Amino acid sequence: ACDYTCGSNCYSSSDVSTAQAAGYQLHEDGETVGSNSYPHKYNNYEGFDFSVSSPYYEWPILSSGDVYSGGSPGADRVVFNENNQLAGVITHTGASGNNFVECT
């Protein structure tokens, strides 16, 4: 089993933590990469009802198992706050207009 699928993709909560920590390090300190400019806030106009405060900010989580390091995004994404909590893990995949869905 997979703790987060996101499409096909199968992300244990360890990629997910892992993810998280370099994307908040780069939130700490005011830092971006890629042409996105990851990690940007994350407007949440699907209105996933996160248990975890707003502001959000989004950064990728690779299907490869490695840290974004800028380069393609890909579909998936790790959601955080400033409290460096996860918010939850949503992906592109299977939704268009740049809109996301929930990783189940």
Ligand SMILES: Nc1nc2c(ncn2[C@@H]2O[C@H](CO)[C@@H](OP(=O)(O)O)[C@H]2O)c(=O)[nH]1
Contents of the next structure:
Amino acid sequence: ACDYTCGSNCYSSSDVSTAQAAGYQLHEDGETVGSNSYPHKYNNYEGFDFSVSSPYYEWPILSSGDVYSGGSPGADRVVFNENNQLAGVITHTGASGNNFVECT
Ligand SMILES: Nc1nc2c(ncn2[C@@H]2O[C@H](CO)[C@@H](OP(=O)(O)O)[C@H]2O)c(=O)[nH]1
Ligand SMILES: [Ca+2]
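Alright, leaving the form solved without the named molecule aside, put up the form solved in complex with the named molecule.
In what comes next, the whole complex appears, and the chain from above leads the way.
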């Protein structure tokens, strides 16, 4: 069974924790990756009821199981805070335009 389901993509906790770690590392180092420069702040315009505090940061998680290193980030994201706390897993799948919805 999936720990997180983003549209048709299925993630375990281990996929999440690996993505997140990659992301937080760049963050800590003040480096970015991709044309969209990940990781970058997540404003929470959506108003998700996250249980950890802001600031929030978004980082792609890939259905391939690989760590994001550039190119298309797909639709799914991990959201972490300043404390390397998992805020949640979100996606553009099933959300209009460029909005997000949560993975279930
Ligand atoms: N929809 C949305 N986009 C945000 C938010 N904070 C920053 N953005 C950025 O604005 C861009 C337009 O959605 C996004 O790129 P991305 O979602 O394709 O990765 C996202 O990184 C937020 O709270 N909601
Ligand atoms: Ca996996």
